[PDB]
Amino acid sequence: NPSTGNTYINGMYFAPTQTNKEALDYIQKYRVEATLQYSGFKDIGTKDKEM
Amino acid sequence: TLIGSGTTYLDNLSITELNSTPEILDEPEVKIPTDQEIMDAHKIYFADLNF
Amino acid sequence: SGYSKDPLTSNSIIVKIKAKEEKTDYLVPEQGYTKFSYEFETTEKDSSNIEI
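Quick mapping for you: the protein sequence lines, in order, are chains M, E and F. Numbering follows the deposited numbering, with no gaps: position 6 of the first sequence is 780. Numbering follows the deposited numbering, with no gaps: position 4 of the second sequence is 727. Numbering follows the deposited numbering, with no gaps: position 26 of the third sequence is 697.
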């Protein structure tokens, strides 16, 4: 955001390597607790992955 | 009204208009800043960022 | 500045000036008059007394 340049997060990838293919297709639902601009730290839910 | 007793005397009573034009006549001398005013003058800043 | 004299040559004179930078200076009054002419410097218009 060029007004108060802050670089908020949209999402996170997880890199594919030659030795993590199996352990990555095994996991889903990725619960996250992040910090929000206002009302800072809290649990924001549990949603399946995206691929 | 000039109410006041005690047998005094008055003479040559006038009402004259006056002139007024002094503006400032003086200015701040030089006003060199100190190291703390120079330091506190740079507290609030904004970084121009490139993403 | 000023003019100092010792009609007989004896001990010195101590001049301490404190306006911004305190200075140390001692002179040797000769038999006649010679001037000393020591400098100093003021610094804000809101500072202390200058003490010579």
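Since the hints were made in silico from the structure, they are not lab data. C-beta atoms are modelled at their ideal positions from N, C-alpha and C, and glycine is treated no differently. One or more hints might be untrue.
To be verified - Dumping the calculated BS3-like pairs for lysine-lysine here, alpha-carbon to alpha-carbon at most 30 Å: (1) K687(F) with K676(F); (2) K821(M) with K803(M); (3) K795(M) with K823(M); (4) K676(F) with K694(F); (5) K766(E) with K706(F); (6) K766(E) with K689(F); (7) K676(F) with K754(E); (8) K754(E) with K706(F); (9) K689(F) with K676(F); (10) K766(E) with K676(F); (11) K766(E) with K716(F); (12) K694(F) with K706(F); (13) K706(F) with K716(F); (14) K676(F) with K716(F); (15) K676(F) with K706(F); (16) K691(F) with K706(F); (17) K676(F) with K691(F); (18) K716(F) with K689(F); (19) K689(F) with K706(F); (20) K689(F) with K754(E); (21) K795(M) with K821(M).
Said to hold, decoys possible - Distance windows between CB atoms, simulated: (22) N682(F) with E746(E): 50 to 60 Å; (23) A789(M) with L772(E): 48 to 58 Å; (24) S719(F) with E746(E): 32 to 42 Å.
As the list claims (entries may be wrong) - From chain M, some residues computed to sit far from chain E (all C-beta separations above 10 Å): (25) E807; (26) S813; (27) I818; (28) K823.
Here is what the structure says about each hint:
{"no.": "1", "hint": "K687(F) with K676(F)", "in the structure": "holds (19 Å)"}
{"no.": "2", "hint": "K821(M) with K803(M)", "in the structure": "holds (5 Å)"}
{"no.": "3", "hint": "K795(M) with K823(M)", "in the structure": "holds (15 Å)"}
{"no.": "4", "hint": "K676(F) with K694(F)", "in the structure": "holds (22 Å)"}
{"no.": "5", "hint": "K766(E) with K706(F)", "in the structure": "violated (51 Å)"}
{"no.": "6", "hint": "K766(E) with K689(F)", "in the structure": "violated (34 Å)"}
{"no.": "7", "hint": "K676(F) with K754(E)", "in the structure": "violated (42 Å)"}
{"no.": "8", "hint": "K754(E) with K706(F)", "in the structure": "violated (35 Å)"}
{"no.": "9", "hint": "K689(F) with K676(F)", "in the structure": "holds (24 Å)"}
{"no.": "10", "hint": "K766(E) with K676(F)", "in the structure": "violated (57 Å)"}
{"no.": "11", "hint": "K766(E) with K716(F)", "in the structure": "holds (27 Å)"}
{"no.": "12", "hint": "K694(F) with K706(F)", "in the structure": "holds (18 Å)"}
{"no.": "13", "hint": "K706(F) with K716(F)", "in the structure": "holds (29 Å)"}
{"no.": "14", "hint": "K676(F) with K716(F)", "in the structure": "violated (35 Å)"}
{"no.": "15", "hint": "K676(F) with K706(F)", "in the structure": "holds (9 Å)"}
{"no.": "16", "hint": "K691(F) with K706(F)", "in the structure": "holds (23 Å)"}
{"no.": "17", "hint": "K676(F) with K691(F)", "in the structure": "holds (29 Å)"}
{"no.": "18", "hint": "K716(F) with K689(F)", "in the structure": "holds (15 Å)"}
{"no.": "19", "hint": "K689(F) with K706(F)", "in the structure": "holds (20 Å)"}
{"no.": "20", "hint": "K689(F) with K754(E)", "in the structure": "holds (22 Å)"}
{"no.": "21", "hint": "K795(M) with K821(M)", "in the structure": "holds (21 Å)"}
{"no.": "22", "hint": "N682(F) with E746(E): 50 to 60 Å", "in the structure": "holds (58 Å)"}
{"no.": "23", "hint": "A789(M) with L772(E): 48 to 58 Å", "in the structure": "violated (26 Å)"}
{"no.": "24", "hint": "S719(F) with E746(E): 32 to 42 Å", "in the structure": "holds (34 Å)"}
{"no.": "25", "hint": "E807", "in the structure": "holds (27 Å)"}
{"no.": "26", "hint": "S813", "in the structure": "holds (26 Å)"}
{"no.": "27", "hint": "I818", "in the structure": "holds (25 Å)"}
{"no.": "28", "hint": "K823", "in the structure": "holds (27 Å)"}
Checked against the numbered hints listed earlier, the structure breaks hints 5, 6, 7, 8, 10, 14 and 23; every other hint is satisfied.
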